[PDB]
Every structure is written in C-alpha cells, then in structure tokens.
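Working notes for the structure below.
Every protein chain but one is kept in place in this view of the complex.
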Amino acid sequence: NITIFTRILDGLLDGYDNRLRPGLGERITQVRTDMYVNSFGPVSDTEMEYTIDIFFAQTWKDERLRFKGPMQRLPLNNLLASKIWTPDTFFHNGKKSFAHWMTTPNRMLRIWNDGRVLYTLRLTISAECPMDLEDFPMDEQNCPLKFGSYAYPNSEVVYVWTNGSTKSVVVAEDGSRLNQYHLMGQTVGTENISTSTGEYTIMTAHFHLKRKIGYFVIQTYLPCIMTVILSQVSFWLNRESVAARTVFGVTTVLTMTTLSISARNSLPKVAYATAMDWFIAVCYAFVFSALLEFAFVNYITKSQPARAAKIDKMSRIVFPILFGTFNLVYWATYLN
Amino acid sequence: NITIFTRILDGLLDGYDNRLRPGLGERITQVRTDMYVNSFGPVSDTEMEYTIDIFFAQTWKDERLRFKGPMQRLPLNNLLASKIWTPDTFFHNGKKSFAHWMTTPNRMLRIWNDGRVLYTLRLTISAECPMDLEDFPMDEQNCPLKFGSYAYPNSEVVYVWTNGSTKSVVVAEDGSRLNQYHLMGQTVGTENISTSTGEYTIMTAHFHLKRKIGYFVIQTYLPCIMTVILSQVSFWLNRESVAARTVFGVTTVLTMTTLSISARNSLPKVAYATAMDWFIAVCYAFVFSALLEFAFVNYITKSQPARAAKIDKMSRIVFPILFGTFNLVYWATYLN
Amino acid sequence: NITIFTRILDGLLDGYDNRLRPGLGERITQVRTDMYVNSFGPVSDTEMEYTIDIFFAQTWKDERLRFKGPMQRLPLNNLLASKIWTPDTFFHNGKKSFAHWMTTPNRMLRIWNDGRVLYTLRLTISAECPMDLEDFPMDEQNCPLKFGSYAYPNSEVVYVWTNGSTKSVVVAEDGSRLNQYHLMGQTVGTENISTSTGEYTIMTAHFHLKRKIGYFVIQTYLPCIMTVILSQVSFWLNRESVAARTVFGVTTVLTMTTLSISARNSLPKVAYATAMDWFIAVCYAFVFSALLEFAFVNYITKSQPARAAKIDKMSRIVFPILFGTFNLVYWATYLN
Amino acid sequence: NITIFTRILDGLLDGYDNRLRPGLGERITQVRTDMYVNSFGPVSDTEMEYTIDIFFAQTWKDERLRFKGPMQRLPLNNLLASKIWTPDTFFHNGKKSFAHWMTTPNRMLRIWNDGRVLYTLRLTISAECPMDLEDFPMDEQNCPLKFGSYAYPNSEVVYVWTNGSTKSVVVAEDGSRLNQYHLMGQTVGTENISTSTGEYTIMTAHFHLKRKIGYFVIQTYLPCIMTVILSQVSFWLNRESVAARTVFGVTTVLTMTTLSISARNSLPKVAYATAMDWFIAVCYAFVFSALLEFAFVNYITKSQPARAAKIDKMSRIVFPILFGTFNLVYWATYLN
Partner (left out) sequence: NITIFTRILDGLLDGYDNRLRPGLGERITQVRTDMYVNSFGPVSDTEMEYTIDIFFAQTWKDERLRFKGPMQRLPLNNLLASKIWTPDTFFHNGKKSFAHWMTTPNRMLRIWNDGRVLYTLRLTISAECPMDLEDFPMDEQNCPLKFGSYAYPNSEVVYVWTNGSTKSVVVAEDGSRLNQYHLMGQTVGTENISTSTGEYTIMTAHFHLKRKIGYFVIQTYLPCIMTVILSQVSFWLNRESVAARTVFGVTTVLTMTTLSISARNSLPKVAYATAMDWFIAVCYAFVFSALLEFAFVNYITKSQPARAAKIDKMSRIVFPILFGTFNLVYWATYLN
C-alpha cells in the first residue's frame, strides 16, 4: 500500500505551478504563524546584535493540492519543500540569517485533504538590537523581531497569529541563556508600513530585557570604593611624614585613572556620559581633593600650625560622611 | 562480472520513491544507532560550547531494495546516498553542525539481501554545554548530546541503541584532547518529548567532566599567597620607618586589585560570586588589615608607646597563623 | 482563472534568449535606478571599510515580454529572476559584497504590458572608505559608493537616476547606526571612465560624515589635563622634601608616556602626526619641564637660595597660565 | 584531427559506471601515492593544529577506459574528474580540509592505453598535532599526517608508496615557513587498523620538528636575569637607607610576578609545570630571599651590629655565585 501514495504525489505536481500563489485573482492568501524560541542567545553590546534560535511554523490553505486516500496526512521532508509554492518570508532587522544543513536539512512539510499546509523551519537569526546606554548598567532594553513578506503586498498575503497572542510565541524555561540579562517577558503585535510598491504587513515581537548587576560591582564599583578608603588613611598620618602621605595620594589618583580606561574597553564607545562614568568622576574628586588638602596644609604648617592641625582633624570626619551620603542617593535613585 | 552489478542498481532505483519511508502504513520504522567519538574537542567556557568529532552510524531495514546475486554486500560511496531515503536526523543542541567535504565526501552506504542498510557519516558538532560556575574551579560538568528526528514522530520512527549500552558509545583512549578537563566517563539513555505535532524519540548521551587544577594555582592562587607574605614583612620593620612600611602596604593592595581584574578577563562574566572570588576577597582583607594596623600604631606611638609596641609584636604571630588556618578549611572543604 | 497565467509565462520564455540584451543592434538600453538605505553600518577605521544595507531597485524596458490579459501586473519571486536577462551590476569599491539567502532569497520581479520591468535586490555592501587622519578627531569624511556595469559599455547600457536626485537616494531617519559619526547628508552624481575596452557609465553617491567628539575627551584629553595639574602641585611643596617632589615628577612623566601608547592602539597606524599627538606632546613638555625646574632649583638652593626661591614662586603662576592659554588656541582653532 | 578525440571520450563514458571500482569481484585495486609539500604552514600551539599545502598525486589501473588512437595521453581538466570513479581518500586527523576553487578548480586527470590513470589534487590541510610541553621550549615534536580510505577496506583498496620511500615525499627547500621551528626531516610508513566494518590501510608521514630558541630569550629569560641583578644592587647600599633598599626589593618582586602572568598568556593553558616555569620560580626565590635578608638585618642592626654587617658583606658574594652556578646546570642539562 505504498505505491498508492506515489501516484498521488506525481499527479499533484503535474499541472501545478509553484510561481503563482493560491487564490490568485480570486481572494487574498492568509497565513497563520506560530513561534517557539528554543534558546535566546548572547547579546553583544559592541555589535548591537543578539542571536536567537527558533522553530518557525507557517500555515496556509491551497486548493490545488486536494486529494483523497487512505490517509489524511502526508508526512514528508525537505525533498518536496521546493517543489511547491512557499511564502518569501524575511526578517527586516536580520543582518545575516542562515539556516541549518547537517545532519539533514531541518525542514518539514505536511498536507491535508482540505488543503491545509504546514511548513516548519528551524532558524538562527542574528538580529540587531539598538540600545541607549544612558542609565547603564541600570537599564532596560526591548529587542524587537520583525518578520513579514518581500514581494507580496497586503493585498495578496497577510500574516496573522494563530489562536490568541498568549500561545502565539513560546519561550522555553531553560531557553534563557543570557549571562548578563534577565528575560522578563514578551509582547507581540501587528502593523502596516507604506513604501513605493505598496502596503505590507508587519508582525512584530518584543522581548523585555532587565540587566542583572553584580559583575560590574566586583569589577568597577568596589575597586573605586576601596581606592577612596585607601586615600583617607593619609588623614591619620602626621604632617611631618610628607613622603608617606605623598605616596598614598599619587598612587590612588593614578589607580582611578587606569580603572576608567579599563572599564570602557569592553563597553561600547558611546559618545555620551553614562551613569557609571559619573560615579567614577565623583570618586576621582575625593582622592584628588584629599591630595590638595595635604598640599595646602603642608604649605601653612609653619606660620599658623593651629589652623592646619584643625583642618586635618576635621577632614577625617567630613570626607567619610560625604562619601556615605552620596552612595545612598546614587543607589536609591537608580534602584527606585 | 561487473555489468551484472550495474543492472541490479538500475532496477532498484526504478519504482523506488525516496520521499516515503519503508513500511509506510504497515509498521513503524526502527533505527539502530551506534557512535564512536574520535576526539573530544576543546570546551570554551565563554561560549558555553564544545566541539566533538564522531563517526555516526545508523541502520534500518527496507524491503524495497531486496536483490539476489553473487555478492551479498554492495560497498558504495556518497553517489548513491542521496538516491534513496535516509532519516532526517538532527542534533537538538547543535548550534552549528557541518560535515566534511574534502578530499572526498565522508559517507558510506551498504546494502544486504534481507534489506539491512548501513549509513556511516563523519561529523563535527559544535554543541552547547551550559555550566554553573558556583564551585569554580572545583566543579564537575555534564555536557549532553541529544539527537533525534525532526519530521517523523515516535509513531513512525524510533531510535534504539544497538546491542548493550556499554558498546553503544565508544571513546578513543587518546581522543580526550582537553587541556583543562578530565573525561571521567559517559552515560546514555532514552526519553520522549511532547510538542504540538506529537511525540518524538530522544536519544541522549552525557559526558562527565572533572576539571583539572594546576593552571589557576600558578596564575591566581600563588601570587595572592606570596603577595600576602610580602605585606607581613612590614611587621618586622621599626615604626620610625614610616615611609618604608607605607610602600609595602600600598603596593600589595594595588597588586591584589589588579589580579582580580586580570583573573576574570578570561573567565565568563557570571553575575555571581565564585569560590575563587572569595579567596581573593579574604586575601584582600589581610593586606588591607595590615595597613590599618600600621596607621593605628603610628597614631598612638607617642602618647602610649607600650600598647603600640605590644600590638606590633602580637601582629607578627596572629596574622600568619590565621592565614594558614584559613587555607586548610578552604582546600579541605572543596577537596572533600 | 489561474491556468491562464501559466500559459502566458511559458510562452514568453520560449523564443526568449537571456544572453542578449533588449534592443540589441537597434538602440541603447536605458536603466533607471533608485536606492533606499535601510541602515548605515559601523565604520572601521583600521580596515577603512564601512557596511551598508540597501534595497537596490532597477528598471529597464524590454519588448520581448509583452502580453495581454486580465491583469497588467505579474508579481513573482526569485524563481523567474534567473530565467531572463538582468544587468551585471557591480560595485567598484566593494571589497566583498554578499546577498541574503534565508529565510527566502530576497528578490522580486514584476512585468507590465508595455515591457517595463522592476527588479529589487536587498544587499549588504562592505565598501572601502579611505580617510586622511590629519585633523583627527576633528575631521570630516566623505565615504563614496560607486556602482556601474562590467561588460556593457556606455554605447549599450546607461544608468540614470529616476525622477530628481532628491528622491533618488533615501536614508531612513533611524538608519544612522553610527556610534562615532554623524550623517550630515548625501550627494549624488554621474561620470564616465575610460579603459581599454571602452567607456563606461558611473553612478556615484557620497555620504558626508562629521565625527562626534566626547569619547576621546573622556579617554585621552582629560587624563592628560589632570596629569598636568598633578605635577604642578609639586610647586607648592618645600624644596627640602626632595623625595616627595621626585615622586610627583617621575610618576606623571611615565603616566603620559603610557597614555600615548594606549591611545594609538585602536587608532590606525598612520605614519604621520595627528592633532591629538601634538596635544599629548605639549602636555609631555609641561610635566617634563616641571621636573627640570626642581632639579635646577635643587642644585643651587645652597649657593644662592634667593634666586631659587624666587623661581619657585614664579613657576606657580606662569605654568598654569600658559596651559590655559594654549588650550583656548587649540580648541578654538579646530572648533572654528 | 580534433573530432577523433571527441568520439573516444563519448564511447568510454557510455557503458561505464562510476559507482563501481575497477576489478570488482576479480582482484584488489592497488593505488600508488606520491606527495610534494609546497609549504609547511604555521603551527598554532594553542589550537594544536598546523597548516600544510601539498600537491597530492594518485594512480590506479582501470581496464574499462582502454582505447587506441594517434595519442597515448589525454590531458584534461576538472570537467571529466567527476564523470569517472575516484577513491574516497580522506585524512584521519584533518579537522577541516578544503580544496581550492579559483581561478580554476586545481585538478588534473590523464589516461593511457594500458589503463594507467593520474589524478593530482592540490590541498590545504589544517591537521591537528598534539604536543607534550614538558621540556618547553627545549622540546622536539613529531606532527603526523595520516590518510587512507573511508568505505573501501583493505580487501578492496590498498595504498602503497610509489618507488622508494625517499622519493615518496618531497619537501621544498623554501617550503619551510616556520617562524619558531626547524624542519629536521621526515619519515613515512604503513600500518593497518581494525574496526567494526573491517581492516583498513593506513599511510602515515611524520615530520620531525626542532624548536628554535631566541624569541623567549629576549622575552622572558633576559628580563628575569636582569631583574635579579637589580635586586642584588641593594646589598651594596648602607643599612640606614631603609627606604632606598625597600624600593629595590618590592619593585623586583612585583616585576617577576607580572612576567609570569605575561609569559603564559600566549602559551597554552597546560595544567603542569614546564621548564620555563621552574626557571622563573628560582628567580623568584632569589629576589624574595634578598628582601628577607634586609628585613632580618634591619631587625638586629642595633643589638648585635657585628653579625648584621658580616652577613651583608657575605651576601654580596654568595648570591651572585649561586645564580651563576645554577644557570650552567639548567642550560647544560637541557642543551645536552
């Protein structure tokens, strides 16, 4: 009962043209789309791109492939995929999208008596996600994913999500493979765009990203905090030890300078000030200000020692208090 | 006696459709799989991927290729591989899998009178291995390898290991080419998954990895240990040498700070504290604490020299003892 | 009413040769071109290349595809693109240009009764943009984009912009994805070139680029400015503290030296002096000159203390004034 | 006299099946192989791979292509290469081997009356060469190159070198393009391997590599030697200059620490001690030991100055002598 299937396949192909869409000149082709994200890949800030692997599924109705037989379903493989007409779907923001070939071309194609068709297609999309690094690292990003049609305007092909929007897009629980982000949720929608040729249908999915802090705390914030504390120790050393206090001030200032260079090496070369830069700038003033206090004190330690000694003791208390007060404002404002 | 073989090949192809599986509508196709890992490639922690080269072998029974002749075996090459039906096997976790082309496409195909078939296929799979770096570097990882079918549910195609599981997967003795891991052993199993289309068969193989220590000992642990010892030398210097003791404390603190930055450059940017980070943090306190002791001593060396001198001598003994005691707890706990 | 279209397509292909241009031996083929830049990619100074993604559109008239039927337009896909003749357009400066393949080959083809044709083609061009880094970073660049024909001289194929030049090239408002440049505007034009074979038509588009400053201010300029200020603090320290003033001078000089090396690491290895190099050179003299003043003062502080003390006080005022005066000339000259 | 050749080619192809080896069921096919290495590419220690470009030549006898005519030789190109049967040769250790395509596919094929055939094939093999870095950099490596057959066991296809082994493999005098190795010589041999399918023939070629020293001398050895000499200068400074001697000891110790980190950055992350590591470890003790001597001397310079002064003078002589004595043992042992 196998040769019976062979005759059915041969008959449908004969008299069938793959260069023409179903319902041409009679109606408008309607396509139902569903998605399942297997893994959300890493996000590269420098390249403003993210990698995503999905099992894209599409469905459309064709009246030219109707048949009757013992079975109502015809499981198949990539061999027959190119023999019939399929939509020229593309991703608008996809810089470079490539499919999978080995071990076998990941494709499927099924047909039913009523003309319903199914066409799954594994993909690996390296899309582009622009990001505004104004509140970095306390920033939230919305990386989109837009897919539609190239040569078929809305008057011919229209894409609509199957069933409700809740089940339209599915993300695996373990599919979040981000080392510096949290996948809060997803949103979907539809819209139209206008060009010279005509209107087109756009299906859009947005992923809400919440960055996870903790890597920069151990990398930039803590060294800056400890460096500031190191300089303040000089305030507890007697003035006559000019050389000893000089070493503390000079080393700390250079240490802060090199940290700023190192921090931005991996960060994108954005031409504006981020939140982290302001924190380093404030820490720079504290260490720099302490050095000035020593120089001013050392210059009047002879004529009027009383004022110099009074300032030194006062500095021990004022400086730590201001640093602690500033931190609460900085963290509370951003974490609220 | 060569043209006799030519007629046999031509006859089988005629009347044979490669788009339909054997036993369609009559039974369920059964596939027997065996593997031989030639080389386990390097594991990239940053990319969470590992490279593996295997000689994948598959076997299935087809009743449409039966023949009789002088020979019961028909050795062949890649030429006839695409002329018949082969399963659309794929790797679920394979990010990007590509076969080999030169010098000649590495493929084979053999047939027997009873319909038994053999299809070997060399492969180079760059799979993805998620890892939890909580006990790093004293961590054990289990990198999996899942392969199955794309368009053929369990009702049609089922994969089962040939013979026992012991001989199902073979790893060469010299095939372990890991510079920072040990290949302890392997495990295999089977499971099913459910999706919209239907149930599918999953064949899984797990590799147990035990990291080898010794690279980080010479890179991070030892410099931290020697840096701590350097600071303690200051306790054996007289107080009046304020400048000399200042150099020891400042240089050591900055040395520890830069080591932390350097260590995590190669390590993945995990947003949580590893075991190595805690060790560096403890070493940071020791050098930092020593600097505080000098500052406190230098501030009361005049009013009450007796207490300052007593503290200095006590510090020489307490500090080394605590560092030695802590090391035993750290190493014993992780190495046990 | 679908099979009617099938007959039309078959008839046109028969008797139609794709190896010959329309109007061969009768007239000169005329092509109308329009462009829409979806995104202007990043500019790599080291590689002197920039990436651009466009939706290139072309139009030409052919008398061999005329037909009459219910519809005056025949939307199609990549299937029929290769079946007919299309110009062998190429980019002269394109080092490596590749099209898009997945999810479907991004191409379109439409025909009309009068013979008018449309052929859109998505592209990603990695062109080369030579740049003269003489006023870097205060520099303006004009990256061109030249496209024409390879084997068809001007006597056969001529390219002309459609409608006016204003609408010939369109750039999306959000298509400017440059992190270190501003897209001021665009210009277009036409020209001819002469070679051994004959004359050819050239269509050129130029993009005016204005670099955005602010990344180098936080990276190179500010550390140099703060480093100079650090050295001048030594002028407020008494001469007897020889060791203390030595630390300031030595550390600052080495700090400037390493900044110069770090700055040019990312910058292209141009064999001539840039504007930034001169700024660093001036800052080098200030810190170096201060060290010389201390050495000269320390060498005559005994024989004639009066002159040494007078010079030290004068240095406190002259040095800051000159640095401030120089900055106004440097910034005003370049920013004007 | 050109059409005469055309008839000969057409006749041979008709009735000739490329899917069957010559002498099938009658004898065992014998293949003669010769090689000419155009250039031995660079060896990447990190990737344990080396690149080699060769002009591989193969020869086998087929009785199905016999002909008679004016010429006994038929020079041809890649066009006819795929029309006949060729062995499915492959490289066992080749991770990723690709041929050359432009300007024209580099292939050749010649036939003679007796059935002798020639098939040259340019190749670029990126093989894998495991190396044991125990005597690094005084190490000798033997990178192999194994090639055989995939689907044809020894009972069907056997590879044997043509003529003697001396002329079997040829390496160009200028083909050695190694910047850190010397190509001492080559060796060849044959062996069999056993698998599930059956026995296979293996043809192996080994290249003997002798590393050239001189890059590491200027990079690691000399800085370590000069750093040790710098510390010993402190022994010629009076004890009262506590600060001056402190700077020498601290700077040298940190300098050695950073050199160890820098040296292993390029070197593979081997989890065992190399010869170079031991040399750095010995140098670490010398500088570290000198610092301890100063601390111990400074702690008893008051109670018993005589012993402290005596030790200081003795250290000036003992330390340099031991360093010189150790170097002779280290270099002589490895260079002998």
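Note that the chains are named A, B, C and D in the order they appear, and that numbering of residues resets to 1 at the start of each chain.
The rule we apply is simple: a residue touches a chain if its C-beta (ideal position, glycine included) is under 8 Å from a C-beta of that chain, and two chains touch if they have at least 3 such contacts.
Touching the chain that is not shown, out of D:184, D:233 or D:322: D:233 (per the contact rule at the top).
In the complete assembly, the contact with the undisplayed chain comes from D:241, out of D:142, D:155 or D:241.
Residue in contact with the omitted chain (choice from D:177, D:206, D:208 or D:269): D:177.
Of the candidate positions C:13, C:151 or C:318, contact with the hidden chain is made by C:151. Checked against the hidden chain, the listed residues D:113, D:190 or D:251 yield one contact partner: D:251.
Residue-level contact of chain D with the missing chain is found at 1-3, 5-6, 9, 34, 36, 38-39, 53, 57, 70-71, 75-80, 100-109, 120, 122, 124, 174, 177, 179-180, 212-215, 218-219, 223, 226-227, 230, 233, 236-238, 241, 243-244, 247-248, 251, 255, 262. Touching residues on chain C toward the chain that is not drawn are 15, 17-20, 24-26, 48, 56, 64, 86-92, 94-99, 121, 123, 128, 130, 147, 150-152, 156, 195-196, 242-243, 246-247, 250, 253-254, 257, 260-261, 264, 268-273, 277, 284, 288, 291-292, 295-296, 298-299.
Just so we're on the same page, only the chains that are shown with their structure count from here on.
A straight line joining the Cα centres of chain A and chain B is 26 Å long.
Across the assembly, chain D contributes residues 243 that each touch 2 or more other chains.
Contacts between chains, counted with the stated touch criterion, involve the pairs A-B, A-C, B-D.
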